[PDB]
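Visitor: If you want the building blocks of each chain, they are given just below.
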Amino acid sequence: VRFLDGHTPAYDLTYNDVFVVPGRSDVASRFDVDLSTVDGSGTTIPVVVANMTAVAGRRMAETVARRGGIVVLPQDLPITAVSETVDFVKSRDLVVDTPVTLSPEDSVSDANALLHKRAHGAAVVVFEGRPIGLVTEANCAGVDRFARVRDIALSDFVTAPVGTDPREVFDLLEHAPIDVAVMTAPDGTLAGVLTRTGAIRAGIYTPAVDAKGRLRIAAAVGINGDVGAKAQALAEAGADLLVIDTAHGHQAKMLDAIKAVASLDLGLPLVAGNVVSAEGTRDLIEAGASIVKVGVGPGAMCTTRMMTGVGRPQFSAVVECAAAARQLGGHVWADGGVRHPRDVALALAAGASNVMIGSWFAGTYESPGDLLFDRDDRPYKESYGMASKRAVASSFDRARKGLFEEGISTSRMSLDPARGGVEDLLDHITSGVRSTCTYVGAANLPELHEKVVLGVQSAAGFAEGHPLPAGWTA
Amino acid sequence: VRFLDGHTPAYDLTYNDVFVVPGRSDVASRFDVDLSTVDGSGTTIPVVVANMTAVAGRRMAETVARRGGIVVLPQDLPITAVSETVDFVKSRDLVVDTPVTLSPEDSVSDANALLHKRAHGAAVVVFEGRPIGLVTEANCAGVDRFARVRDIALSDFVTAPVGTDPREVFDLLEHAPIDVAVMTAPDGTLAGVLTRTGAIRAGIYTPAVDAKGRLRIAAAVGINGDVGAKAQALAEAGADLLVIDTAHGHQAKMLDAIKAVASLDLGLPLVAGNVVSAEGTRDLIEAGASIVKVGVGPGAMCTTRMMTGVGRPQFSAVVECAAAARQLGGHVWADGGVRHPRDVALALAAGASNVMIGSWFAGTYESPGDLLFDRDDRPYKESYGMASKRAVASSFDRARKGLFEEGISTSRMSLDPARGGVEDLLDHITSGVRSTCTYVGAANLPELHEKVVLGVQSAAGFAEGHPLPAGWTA
Amino acid sequence: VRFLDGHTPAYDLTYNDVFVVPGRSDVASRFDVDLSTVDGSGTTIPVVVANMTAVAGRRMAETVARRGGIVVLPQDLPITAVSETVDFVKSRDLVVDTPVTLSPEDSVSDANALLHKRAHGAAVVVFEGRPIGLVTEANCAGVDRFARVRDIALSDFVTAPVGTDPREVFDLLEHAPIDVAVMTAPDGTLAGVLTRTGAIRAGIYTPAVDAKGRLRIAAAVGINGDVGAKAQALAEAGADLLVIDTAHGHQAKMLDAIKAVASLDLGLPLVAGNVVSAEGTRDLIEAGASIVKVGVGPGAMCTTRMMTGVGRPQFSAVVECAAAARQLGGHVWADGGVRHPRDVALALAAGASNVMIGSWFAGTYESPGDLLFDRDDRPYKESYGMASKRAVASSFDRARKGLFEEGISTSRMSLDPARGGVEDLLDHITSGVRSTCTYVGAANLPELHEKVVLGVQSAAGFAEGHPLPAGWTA
Amino acid sequence: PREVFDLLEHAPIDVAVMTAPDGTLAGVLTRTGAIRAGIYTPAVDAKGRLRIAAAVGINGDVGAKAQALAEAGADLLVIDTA
Ligand SMILES: Nc1ncnc2c1ncn2[C@@H]1O[C@H](COP(=O)(O)OP(=O)(O)OP(=O)(O)O)[C@@H](O)[C@H]1O
Ligand SMILES: Nc1ncnc2c1ncn2[C@@H]1O[C@H](COP(=O)(O)OP(=O)(O)OP(=O)(O)O)[C@@H](O)[C@H]1O
Ligand SMILES: Nc1ncnc2c1ncn2[C@@H]1O[C@H](COP(=O)(O)OP(=O)(O)OP(=O)(O)O)[C@@H](O)[C@H]1O
Ligand SMILES: Nc1nc2c(ncn2[C@@H]2O[C@H](COP(=O)(O)O)[C@@H](O)[C@H]2O)c(=O)[nH]1
Ligand SMILES: Nc1nc2c(ncn2[C@@H]2O[C@H](COP(=O)(O)O)[C@@H](O)[C@H]2O)c(=O)[nH]1
Ligand SMILES: Nc1nc2c(ncn2[C@@H]2O[C@H](COP(=O)(O)O)[C@@H](O)[C@H]2O)c(=O)[nH]1
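Residue numbers (the numbering used here), protein chains in the order written: chain A, 818 to 1291; chain B, 818 to 1291; chain C, 818 to 1291; chain D, 79 to 160.
Simulated from the structure, these hints should not be mistaken for lab results. Where a beta carbon is used, it is the ideal one built from N, C-alpha and C, also for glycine. Don't take each hint at face value.
30 Å max Cα-Cα, derived DSS-like pairs, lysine-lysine [to be verified]:
hint: 1; chain 1: C; residue 1: 1076; chain 2: C; residue 2: 934
hint: 2; chain 1: B; residue 1: 1268; chain 2: A; residue 2: 1070
hint: 3; chain 1: B; residue 1: 934; chain 2: B; residue 2: 1070
hint: 4; chain 1: B; residue 1: 1218; chain 2: B; residue 2: 1268
hint: 5; chain 1: B; residue 1: 1218; chain 2: A; residue 2: 1218
hint: 6; chain 1: B; residue 1: 1268; chain 2: A; residue 2: 1076
hint: 7; chain 1: B; residue 1: 934; chain 2: C; residue 2: 934
hint: 8; chain 1: B; residue 1: 1070; chain 2: B; residue 2: 1029
hint: 9; chain 1: C; residue 1: 1029; chain 2: C; residue 2: 907
hint: 10; chain 1: B; residue 1: 934; chain 2: A; residue 2: 1218
hint: 11; chain 1: A; residue 1: 1070; chain 2: A; residue 2: 934
Across the chosen pairs, the derived CB separations fall in these ranges [said to hold, decoys possible]:
hint: 12; chain 1: C; residue 1: 1050; chain 2: B; residue 2: 1234; range: 43 to 53 Å
hint: 13; chain 1: C; residue 1: 1224; chain 2: D; residue 2: 80; range: 56 to 66 Å
hint: 14; chain 1: D; residue 1: 80; chain 2: A; residue 2: 963; range: 38 to 48 Å
hint: 15; chain 1: C; residue 1: 1122; chain 2: B; residue 2: 955; range: 53 to 63 Å
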């Protein structure tokens, strides 16, 4: 990392304190930039979804994996649920998305409540596996909310065989009143749905797949209990990457867990965290970890700074740990504190190979939480922290241990009133990163790290320019 | 105190300007940390209650002393009141708490007004020294407010002999409709009450006791008048520690008072303040003081900064005075400016041996003030400063001196709507300090001071993370 | 009652629907009007305080009785409390008022909380029965709230022997900084206090006294249980008038209770209610009642109209019952619905001999409730209904009976920010009644009833003129 | 119900789980539920089962719909229109 001449502050820096200076560039178009990562995770975009119960669902897993990202399943998830989620994710199609399925005997209220599980805007009515109609938000309005969806479903919709080129589907949907194309299997059953923006993204994004050509997925494990057995079970379940997560990664228990997991020779990339120092990164890498997760404090659901005073600004910790890992040949992930695409761009320019996003993705349709409405009826969801699931651990002892346990924080994440979907957030993030690469003059992320020039700004410098629209920021 | 490389600001630092960097740790559990102090005060927790008339009552004294802290009685308190308070505090039980006692002829309104003097949630009806029923807030609702409590008291409650193991009381209260166990003396009179959380805290906390096994208590004295006689009277009254308090401790009058008190050889630890410089600390220690109180300006009720410009940020003053006192073999207390547990953690990491908390504890049930309700009916109390009681001092001369006297400031401290009690604040503070010790890797406070690494952050760094719930901050 | 020509509405009328037409008058001054009643109650003003626990205290009893009114003690009050209240009321002085007494060891907060029990604005510090100083609201401001009142009491105050002519006390207080004159007994003990307005009222108002020259007081009894024994006990306790009160007075149980009470020949006036019909009034009078209480529904704490639909506008019920009672030689009291002095004036013009006022007097200093402050810090108190105490009546049967029992309503009554006292409300009411008498041309209440001419107005008619200041209306 | 009320008098949760003789779940009863069972009388048919009514419009074949509703077990028929 190269800083401007004389920019040597006497304090640690956050994302708001730094800026990127443009350089001489030959990359003109954003599409000339390669966003693939080199840390062995297999993602084609630098976006990773945090192992939080409020974001890491199966719908989010499928949606993020199709666009090139990866989702880490939260720790302490039962192995049966892990197996079911992995099977569902790996049974999905690489291009066609899974729609919301409704029965003709469902009520209008149930249809309107299930319509918001995806970002397609419409659901397919299925009778014996075959599509027979579409249900939209407009059709549910102005009717009895306990009427059957059979009386409101429209029987005319665009249909194409599965495997059709996305441009043909786009041309077919160019003149359709509903921007949903129902793709069917050769026998006639429902294969899925494809929208116009879905076709555009299928032409823009590359899915993150394994050796067998199926969508990738990761799983997280804690350091309590028998870490080796849990890691072996998760590897057998089909996880493509293992994360050993704890609040304070620089301790003997985490080193023992890393050694125990590495001694099994599972053949999967190993991620450990979290540390904010170079010594902790070196210890984690020497223990056997391939990737080090960096960040203690900047989590949006984290109250460690206010309760203990322990923490560190994320930018300085990321640059230090990235320098240490590069000196040891490892890689670092930047976890926590991401609100804008500029945060992802600065984390990538700081030397990180991947950025992990948590509560920001909670305000989407694909997140497992329930959709709620505030005073102004603006859509929002609720994000909450993992709390004691990230900590080291009769009814008397349970109460005694819980008296000092970290509480579960809670925040409201507003959905974008115009888009709402997580793929739009991915579009914003990737557009910002590509524009950063074009401004710096880099064709890929390593060149972005090697060519970037950074400077320090005051509080008045951060207020320059125009803010982002609502829903584009956490 | 060790700072990060290059973190040498050109200004003095407050608690908001600094953070603690995690290090390699072997302490995994919070309960493995020893929070006892080494300054000779006798406290098992680093919390000290300020000598303010708005906080330092007898209920607060008992409650804090039972949990390992100590309360300093405010100066200029009449010696008879001092003796009564000391006798009441030293006559209390080490495990069982003192309940609110009601007569069966009392009105419902009086019972509902007395219910908020403790944090038990219920009061005991006493007839000739024997408990006959319990009164709760639910029973007082929906009835005539001038009806007798005999008509609303419930006659069925859990009863156990005094001296019973707290776990047995917890098991008995596991299935009780009211979480209050009435502990009685062998003859049958009322010994006190014990709750489930009370048993948990009795199993977690260690009472601060003297050589005779009775709860400790301290007293404060000013530098006006005959300081020696007042100190001797306070020592004879039963005070376990003496505090010589004034607004400007670095002056000749304070040195004379310290010498006069030390010449009596009372055998008690001597605390003097306040100073914010190393030279003042050295002068106070050489004068005869064993502990030096540090802080001029950060008091929540103090208007010195706005009236005179005299003051100093608390963190830098604390580190400097702690270094000076350690170089002279003394100890320092950090007085004023504490709003969050992180403030206590940073004060302990700065080199202080004890933290004195004032207005924050005013927003509790145990404080001597009256409970009030704001617009939203949220509970709160009123905190105010000592004013001329901390300063050096016919109707014409009284008015002449009072024309320039410092006024009494006033603020509203909101109670935690879910807890309200001071023991919950103590739980939060101790949990934060233990988590800080685990993050640093220290088994006790001296190791916390010796192993801590600190860094400087900007205003954007302090905004990282999630804020604390309501009532957890001053 | 004579109405204007053609004013024969097809509905029942409230106080807001009627107005008084002025006639030829010879009474010019308000002081020429005689406000004494002729119903045998003994009141020199037509104001009676309702038998409600929120208004009928001993302070209110003394204050109202001194000015010519009477207070009815609430039913179900224990006989010991009745005896104590009667003794306190009958031990008072006819001119000098009872002050708030403070000990020199009391705190400033206790003094400031006790200052609002009376309307004098100051309290007397008493040491061994002798006054030694005065404490006012101004002295309590700007000092430590836990300081003793000895340090704030002023030792210079106007003192006069008891029995002094009120005009001399007024002349002495003409030049006093504090408008409180401490009247002392010949031995030197505290006899009481007298203000300037107190002397004016002693020169204007005539106390309501019994045959022995002591302040009068009444008591109320329900129709449940042994009514005869309770009435005998209340008569022996010293009550000057008995009220048999129930929600529905026109029923067999009330008639039986009236007969049982009348068979004892106690020699006291008997009041029964409530009825809103002429037949009920005739039945109550024939049963043995001398005075009939009229009103079912208009009570400010009464929810009968909204729960059952049972009720009647108060003006029509009062005129009908007054006509019936006059035809039988009895008298009627108008109970409930009084918010303005015009309501009292119209009730007296409607034929009633006394007006019973409830919740309106709850917003005074003398009421037994505690003084509270709203958002704007405006003083107010809480009024509530008697509920089941006005109705006919194991833990299973108690719950079964309480499931259908009437709940306790609650309202906020704002105090007059400039006066606050109940004597000011009495002044407003008496001034309004005297002005009504002067407008009609009557020298007394019977002439007011015989000479009054009434008319009916629409909703627009009631909106004419200027509203009353804050605190002058319920 | 009075026995259930006495049992729930000292329970931390005011819900009594009533079970069938075999041990399966029959239902729940609260204190206020027992009070109401002692106060209110259930509306039952000739067989001692809870009553229920049904409504029918005036469009279509009203007779057939009414006959079907009567066969379904409705205890009272409502012919409703604006
Ligand atoms: N057995 C389980 N135990 C604990 N948490 C679970 C379990 N199964 C799922 N979860 C959690 O519940 C959340 C919802 O996950 P997921 O979306 O797979 O559930 P679902 O309700 O089956 O899905 P959908 O929203 O499509 O109906 C996730 O945070 C997941 O980790
Ligand atoms: N004689 C006194 N002179 C001045 N201040 C006093 C005196 N006695 C007590 N105080 C102060 O009054 C406050 C209340 O103290 P404390 O709680 O002991 O009083 P209390 O009213 O007897 O107690 P409780 O609240 O349990 O009824 C404290 O700030 C104390 O310093
Ligand atoms: N033993 C009792 N049982 C029930 N109610 C009572 C009893 N004693 C008093 N009350 C009620 O309590 C209220 C206050 O009575 P009290 O005589 O104290 O009046 P007060 O004027 O407020 O006097 P104080 O100077 O004591 O404040 C009244 O409504 C009265 O009926
Ligand atoms: N200390 C703490 N960290 C949390 C909690 N929940 C999530 N985190 C951290 O915060 C990250 C998410 O950051 P975010 O994107 O929400 O700001 C997670 O990946 C995890 O590292 C919690 O309850 N406590
Ligand atoms: N100058 C000044 N300091 C005060 C006053 N009241 C309390 N203090 C100081 O502030 C400390 C309490 O700090 P707090 O916890 O209220 O912020 C006390 O221990 C004392 O040192 C006051 O009126 N004036
Ligand atoms: N039904 C009913 N009447 C009440 C209640 N409390 C007071 N009252 C009636 O209302 C009268 C007071 O009228 P107010 O002056 O409050 O409008 C009382 O004298 C009594 O007759 C109550 O709870 N229920």
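Visitor: I'd like to know which numbered hints this structure contradicts. Please list them from smallest to largest.
Guide: Violated: hints 1, 3, 4, 5, 8, 11, 13, 15.
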